[PDB]
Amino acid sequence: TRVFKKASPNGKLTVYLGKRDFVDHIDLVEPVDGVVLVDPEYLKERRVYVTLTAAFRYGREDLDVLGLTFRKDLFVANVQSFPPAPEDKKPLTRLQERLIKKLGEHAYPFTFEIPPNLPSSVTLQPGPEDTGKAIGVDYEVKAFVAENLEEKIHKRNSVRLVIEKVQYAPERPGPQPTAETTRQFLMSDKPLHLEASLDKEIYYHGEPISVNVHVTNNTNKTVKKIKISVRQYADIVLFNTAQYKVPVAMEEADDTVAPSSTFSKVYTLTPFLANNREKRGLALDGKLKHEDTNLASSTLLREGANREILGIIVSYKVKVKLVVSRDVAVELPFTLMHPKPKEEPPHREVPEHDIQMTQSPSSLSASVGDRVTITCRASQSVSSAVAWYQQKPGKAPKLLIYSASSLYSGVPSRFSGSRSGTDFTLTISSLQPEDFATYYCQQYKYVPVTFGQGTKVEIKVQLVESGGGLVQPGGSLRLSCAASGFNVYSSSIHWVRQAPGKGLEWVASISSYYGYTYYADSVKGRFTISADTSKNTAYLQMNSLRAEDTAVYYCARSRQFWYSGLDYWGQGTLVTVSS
């Protein structure tokens, strides 16, 4: 495993931090643990103070009248790293002593504690053209060296690290919310009763929200349109406590609920960034600097303990409205945020907007029980973002591991990955008959996803693809891969190809949630990709085909959020494009 490092303009002051994203619970949060190098010869009489600048910016840019910086301080805890005054005596984290083992005593530690009630890092959407800086709350660990605290900060002697604070879905479930409001019109023989509800209270970004609406339209007056709106209650308690809003998920069905009728329907609304990419003031989750991130995650305040939490408190609620021909609406609360991810999320656009591997020789000969380390010299630093694939010849690829780390669930222990420098490796202890299959090393950090050159041993809930029948050496083909059990917005359906009797190659990719598409230079603009929420389908339209386009094509699915390699591959399709 690895550890997060940041430097300073001097380069002497190096800050070591563990998992960048921190979990805050309804009672207490994870203490901040870190270390920083120090140079006593340069540190004649200064002192290296590290502090938790947890501050809320509520003014676009700054100094609007040349001196007005609208950045309040929600919390700051300062501590001198060296000499640590014998006043806290807080035993070092195993991580900290590990860093000492890596660096030495000059790497002095520091442990921070956050108050139980503080805002979760969230940033409001600047908009199509705002640039500047995002209005929102943000945490930053800042370490600077000075003989006294009041001294002016120094451009060279200072380090800033944008830490993020997040809340993950509680392990327990929650009661399904309910909403009932009875409205009487001019006719009140049986006043209209609203019987809307919601399937589950805790949801993750992308999982379709199945708004279940049922009503008895006894009253004569009819309703034309039912408006369903997963709306973001952003409670911006900054000076003037307010509840600015903006709808994320919007749906206008045509369900005209005629009178003396019982209407009942379930509508699937998936709140994703792309469909609301421009609604200024949308609260998104923590940004390190500028990257695209999911919508703001619901915060879990202490029940019945509303301290009037300054900053942004984000909650999400389904507004269901019936529009009378000549407007009965109610609200449903729900909590939306990620699960507890074993892998600490990488806060980048994981396949960020080339690389090539060199896998060990394909003639690795080994019998049963003969352990072997299949190596692979990589082109560059993939940063432990590598997956090994038990590509069994004639059958679909199989994920062995994510991120050159613990194995993908259910993959037995016989496999194990070793990442070193700009090269990786996977070892196997005992070669059970199944281990008589081809192996591949794969990188998922930079588009295009780049696999290994393959290695075959020598012993001596569905994915359906429509399209085939080799044809059109220069025409156009529509191959449609559909996944019966994977939310389109919850995953990125990748499109790879293995050249005829050759290695695997990535071609196309779709990111539903973010609503952005990725292509391969090997096909560049020739290949189009798309997917629809209709029936969990993803169409791939190859254009101006070629003999070189002869290949075998596979789709796949990657967890949309914190893209962790490839964990499901399609049945494949041998398309040797011909007449």
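Between two forms, the rigid core is the largest collection of C-alphas that superpose within 1.5 Å. Residue numbers count along the first chain shown, from 1. What changes on going to the form deposited in another entry:
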Contents of the next structure:
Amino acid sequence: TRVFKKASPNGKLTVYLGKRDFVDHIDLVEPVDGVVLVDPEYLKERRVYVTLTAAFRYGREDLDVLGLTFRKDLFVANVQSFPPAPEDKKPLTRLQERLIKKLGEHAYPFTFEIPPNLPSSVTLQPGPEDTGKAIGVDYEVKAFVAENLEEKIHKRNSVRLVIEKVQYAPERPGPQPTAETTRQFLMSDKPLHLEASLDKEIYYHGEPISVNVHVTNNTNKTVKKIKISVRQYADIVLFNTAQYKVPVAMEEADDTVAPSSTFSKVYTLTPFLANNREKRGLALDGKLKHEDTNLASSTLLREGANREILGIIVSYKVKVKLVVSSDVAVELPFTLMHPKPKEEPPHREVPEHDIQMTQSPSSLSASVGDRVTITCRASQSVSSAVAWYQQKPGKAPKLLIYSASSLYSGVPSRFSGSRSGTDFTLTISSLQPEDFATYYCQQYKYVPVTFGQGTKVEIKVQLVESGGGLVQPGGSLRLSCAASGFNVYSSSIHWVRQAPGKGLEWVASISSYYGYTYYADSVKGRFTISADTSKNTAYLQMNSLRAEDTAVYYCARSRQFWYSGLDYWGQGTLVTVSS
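The structure above corresponds to the form deposited in one PDB entry; please provide the structure of the form deposited in another entry.
A lone chain is what you will see next.
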């Protein structure tokens, strides 16, 4: 495992925190536990105070009238780590005990408990041009040296670590959101009976929202259009309670219902951030820094307990509207939240915007059942953000290891990943016959996603690709990757090539939720990757093709949310660009 450490500007205090993401179960919130390293030489008789601050920057900038600062401390808690107060009598957690063991005696524990009903870390969208800081709720752990609780805190002996308090989707799915509006008109014979309905209550981020819109216009007046929107409701409850509603994804369907006629249709809307990047005030997940984050997850609350909790509360409702020739609207609540992830979220964009990965030994042979180790050294620190794939001959790679340690669901337990600084190792304990293959190590911290030369270990839901062909020495070719079972918004489509007798090289990658497309240096302008959701199909338009592009192009999928690897691949297409 690994831990986060932030030293002080002077170099005496160092705050160690295991994780930056603390889960808020509706009843109890995860405690913030850590260890401060303190140097007694600097601390003649001073004290080390560590404070958990749940702030809410409700106003952009400050000093508008030369003195006014918009930052309200929702919850501040102080505990004195050094000298240890005997009144503590607290049981050290496993992480705290291990940190104290790894460090000397001068490491001192500190554990806050966040109260149950508190706002979760969210930031409203800055907008195209605001610079400064974002309006939102933030959580901070600040360790400083002082002789008294009120002494002027010095920015030279203080460390500030921004932490995020988050909620994950509940396990048991809720009731099906179905709401119906029966609306009559001057013709009181029989009314419209709109009966919209969603498929479920829990919709993980980037996934579709089916809306079955059953309508029966028993009245004469017609319906010209049906407008389905997914509206994010941000309730800001500081001093003056408010409810902001920012639409996220819309569909202005032109389907019509004739007088005394019925009509059924399943509309599909997906909320993503690419088309809402210009919507100022939008609530987004808490940001540690100025980095891309998703639409704010829905806030879970205990029934009948919202005592005007100060902060920002995010909900979502799908608003279906019939535009009769007097709109007839129905609102369907639904929770839009991340599922609980086994690994902690990466609060930075995982393929962050060239790290060579020297992989050894290139060739190695061994018998059946023995233990074989494969090493890969990165030029720069990848921060436990490598993965290991296995490619059998004439097949596609399969994700074996992600995060340099974690096994992939469905992989034999013999495979195990380990890290030794910048040297990531893969160990096969018992080399059963089903292991002859080329093993590749990919660093997915820095774009360009860099693979290794590959190690040829000898034993001695779907994606379909089309568009190959031995043609066009300098022409164009559109490779189509049809994805079955996957939404282009909850997933990112990466086109990675493999020249004959060569390792995987990353060509293009499109992430629709954030709506950015990245390319390698060699294909920066020649190629264009674009995935359309009409059929959940990705396309790679390949122009100005050269002889060096002859390769078996593969279309892989990476979890758009907390990138774990290229878990799902395709058969691949051989683009033989030759005379």
